[PDB]
Amino acid sequence: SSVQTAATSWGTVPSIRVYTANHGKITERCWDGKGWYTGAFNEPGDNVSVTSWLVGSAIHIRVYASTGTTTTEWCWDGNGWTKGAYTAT
Amino acid sequence: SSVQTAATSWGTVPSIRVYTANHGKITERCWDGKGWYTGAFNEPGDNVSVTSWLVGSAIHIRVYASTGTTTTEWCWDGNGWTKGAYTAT
Amino acid sequence: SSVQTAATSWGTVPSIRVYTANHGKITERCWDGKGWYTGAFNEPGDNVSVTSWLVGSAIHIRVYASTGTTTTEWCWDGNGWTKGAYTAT
Ligand SMILES: OC[C@@]1(O)OC[C@@H](O)[C@@H](O)[C@@H]1O
Ligand SMILES: OC[C@@]1(O)OC[C@@H](O)[C@@H](O)[C@@H]1O
Ligand SMILES: OC[C@@]1(O)OC[C@@H](O)[C@@H](O)[C@@H]1O
Ligand SMILES: OC[C@@]1(O)OC[C@@H](O)[C@@H](O)[C@@H]1O
Ligand SMILES: OC[C@@]1(O)OC[C@@H](O)[C@@H](O)[C@@H]1O
Ligand SMILES: OC[C@@]1(O)OC[C@@H](O)[C@@H](O)[C@@H]1O
Ligand SMILES: [Zn+2]
Ligand SMILES: [Zn+2]
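Protein chains in written order, with the authors' numbering: chain C, 1 to 89; chain B, 1 to 89; chain A, 1 to 89.
The following block holds chain C by itself, in its conformation from the complex:
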């Protein structure tokens, strides 16, 4: 079925991250001003949303991956992807 994307950007270059839910798997493509490349994020999901914010020049990213009625938060704080404290209720 048709894939589903979510996008975020930061700075003025800019950096862009595009997340794609594709048949149960979410992957990440990256732009930092000089070509698209595959990012490290790879987790299960039928649906994806994202938001990001800067603290100074350090980017923080939250990706929300949903399967069925279960949503899992993934956190990027500059040094690795980790599961977040988000709960749905």
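Careful: at least some of the hints might be erroneous.
Unchecked claim - With a straight-line cut-off of 30 Å between C-alpha atoms, the simulated BS3-like cross-links for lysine-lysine are:
no.	chain 1	residue 1	chain 2	residue 2
1	C	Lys25	A	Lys83
2	C	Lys83	B	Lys25
3	C	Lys25	B	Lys25
4	C	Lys83	B	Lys83
By construction, these hints were calculated from the structure, which means they are not laboratory data.
Please arrange chains B and A with the ligands on chain C, whose structure you already have, making use of the hints.
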């Protein structure tokens, strides 16, 4: 059917808002730096998107809730959710 | 099927762009503080996401339009929409 989410964030703490369209109903979870709690937003929708912007330290949120071919805009400007002027045509 | 939207905003007025994927067609509605109107963007797609950034006072917008397993990026840089370099792999 998997639920569908949309997310926005502001500031450096940050504040995060996650909207979940769950089989026709959109609810909202909130992070302001010290735990996830349920927000005031409760409206019908199969699909949801969001954007937000700061005027000084005041957050303004716009949520776009879609059912069928009807999209309703909901506005947070500090003191309650109100229907916005958005129309598709 | 219910339509699916993506929203972005910039400035303090603000300007808002809302993209709606509606049965294969993505269209755009615009707010610059003085009423909603229809924007130039009109391209095919079953799913849509968007991000934007400012460089000074100039807005740059990226719309990710997906049909099947194909995602096409559309770029606004002040002077018309053009296809972007985004690729999924
Ligand atoms: O520089 C690329 C990278 O480290 O940027 C932050 C996140 O997007 C990561 O998944 C990604 O691999
Ligand atoms: O740094 C991780 C974290 O504390 O960031 C704020 C929220 O995203 C939380 O759910 C998350 O666990
Ligand atoms: O402090 C929580 C709250 O008031 O923040 C602004 C909006 O997200 C509201 O729906 C939400 O209840
Ligand atoms: O104050 C509310 C409002 O004027 O804000 C800007 C746009 O979101 C409009 O649709 C909306 O009615
Ligand atoms: O002034 C309206 C407009 O030029 O703004 C930038 C883009 O949203 C365009 O599609 C749109 O027509
Ligand atoms: O100016 C257009 C462009 O170079 O902007 C940055 C990225 O969005 C690229 O995919 C895109 O082609
Ligand atoms: Zn279901
Ligand atoms: Zn339909």
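We went through each hint and held it up to the structure:
Proximity of C/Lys25 to A/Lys83 is assessed by CA-CA distance (about 26 Å); at most 30 Å being required, the pair is judged to hold. Proposed proximity of C/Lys83 and B/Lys25 is supported: the alpha carbons are some 26 Å apart, at most 30 Å. Note on C/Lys25 and B/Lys25: the hinted pairing holds, with a Cα-Cα distance of about 25 Å set against a maximum of 30 Å. For the hint pairing C/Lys83 with B/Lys83, the CA-to-CA distance comes to about 35 Å; that exceeds 30 Å, so the pair is violated.
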